[PDB]
Amino acid sequence: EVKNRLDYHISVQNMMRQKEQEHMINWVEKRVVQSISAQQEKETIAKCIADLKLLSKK
Amino acid sequence: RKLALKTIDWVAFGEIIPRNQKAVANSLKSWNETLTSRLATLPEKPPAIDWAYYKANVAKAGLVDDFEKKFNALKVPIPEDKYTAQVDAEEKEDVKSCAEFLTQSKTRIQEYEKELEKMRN
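The listed protein sequences derive, respectively, from chains A and B. Quick note: the first sequence uses this note's numbering, first residue 1, plus one each step. Quick note: the second sequence uses this note's numbering, first residue 1, plus one each step.
Keep in mind that the hints are not guaranteed to be accurate.
Stated by the list, open to error - Label pairs and their computed distance ranges (CB to CB): (1) B:3 / A:24: 57 to 65 Å; (2) B:87 / A:10: 46 to 54 Å; (3) B:30 / A:22: 29 to 37 Å; (4) A:20 / B:49: 23 to 31 Å; (5) B:49 / A:45: 52 to 60 Å; (6) A:15 / B:70: 21 to 29 Å.
Said to hold, decoys possible - Straight-line distance between alpha carbons at most 25 Å, and here's what the computed SDA-like set of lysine to any residue pairs gives: (7) B:60 / A:6; (8) B:55 / A:12; (9) B:70 / A:19; (10) A:19 / B:54; (11) B:60 / A:24; (12) A:3 / B:74; (13) B:69 / A:7; (14) B:92 / B:74; (15) A:3 / B:86; (16) B:55 / A:4; (17) B:75 / B:103; (18) A:3 / B:73; (19) A:3 / B:103; (20) B:60 / A:20; (21) B:69 / A:19.
Calculated from the structure, these hints are not laboratory results. Note that beta-carbon positions come from the ideal geometry of N, C-alpha and C, so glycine has one too.
Only chain A is shown next, with the shape it has when bound in the complex:
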């Protein structure tokens, strides 16, 4: 009779963490993704590494 009450409190905190997590995630990721490419060099910094692919993969 005790256990079921406990599982609810734990279960709610889990469920709420995900229900924030996706919405927080979408809200963050939709915010900062809007920037970024103004630094084209998020693009270059990889052409850098992508070149360290183009070299260092073969």
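Since the structure of chain A is already known, use the hints to place chain B on it.
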């Protein structure tokens, strides 16, 4: 409490049926079995509880701590006799069987044996 542990001889019991307790016997088998086979299966305790680790992961806190202390400090009730005069009601009816009935009966029985001797002879 416990369990009565005791012995059942089924052709003995069932046949006995002194009218004022007879009925019980026929029913009494079936009643007993219910308890017998059931209890054999179940466990007597459940799991146990690590309140600390669960508590740390709860967010409505201090409640689990309340319940925890109260549970560990707590004792549940017990269940108790309506009847331990039945225990004794036996020895009285056992007086009935033996002394009262035994003796007068015994005397008759013996005599017939000796009687039979001579009436074989």
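Quick rundown of the hints versus the structure:
no.	hint	result
1	B:3 / A:24: 57 to 65 Å	holds (59 Å)
2	B:87 / A:10: 46 to 54 Å	holds (51 Å)
3	B:30 / A:22: 29 to 37 Å	violated (60 Å)
4	A:20 / B:49: 23 to 31 Å	holds (29 Å)
5	B:49 / A:45: 52 to 60 Å	holds (53 Å)
6	A:15 / B:70: 21 to 29 Å	holds (28 Å)
7	B:60 / A:6	holds (9 Å)
8	B:55 / A:12	holds (14 Å)
9	B:70 / A:19	violated (34 Å)
10	A:19 / B:54	holds (22 Å)
11	B:60 / A:24	holds (23 Å)
12	A:3 / B:74	holds (16 Å)
13	B:69 / A:7	holds (18 Å)
14	B:92 / B:74	violated (42 Å)
15	A:3 / B:86	violated (41 Å)
16	B:55 / A:4	holds (14 Å)
17	B:75 / B:103	violated (53 Å)
18	A:3 / B:73	holds (17 Å)
19	A:3 / B:103	violated (64 Å)
20	B:60 / A:20	holds (18 Å)
21	B:69 / A:19	violated (33 Å)
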